[PDB]
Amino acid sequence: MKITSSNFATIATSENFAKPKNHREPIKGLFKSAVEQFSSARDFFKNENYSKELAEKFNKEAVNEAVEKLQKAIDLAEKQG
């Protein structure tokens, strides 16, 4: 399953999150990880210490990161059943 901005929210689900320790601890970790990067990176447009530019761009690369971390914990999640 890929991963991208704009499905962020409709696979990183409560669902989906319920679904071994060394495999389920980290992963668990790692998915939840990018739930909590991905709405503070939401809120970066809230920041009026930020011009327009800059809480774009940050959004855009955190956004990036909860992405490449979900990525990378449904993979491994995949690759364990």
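Numbering follows the first chain given and starts at 1. Compared with the form deposited in another entry:
For the rearrangement between these two forms, modelled as two rigid parts, a shared rigid part is recorded for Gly29 and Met1.
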Second form
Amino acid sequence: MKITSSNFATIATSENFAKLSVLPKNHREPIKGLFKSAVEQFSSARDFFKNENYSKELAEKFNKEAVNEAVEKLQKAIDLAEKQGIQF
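Hand over the structure of the form deposited in another entry; the form deposited in one PDB entry is what we had up.
This part shows the chain on its own.
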């Protein structure tokens, strides 16, 4: 049974975790520990990704607004200069 990023969630399930309950403690607890650590790290990578995407989008929207404003300021400067007869 080969695990990848694509099939992780189809294998790391409650049903499969429950199958481990039949093992004696000396095998059950190390295996459950790895299982839980895997899910916790995978879930955290999901939270990190979703937050990185949202932060990036929020930053892009606000940088677009910064560029728009800079463009408006230069447009105003060039318009005002042209009304003073400056030849660009």
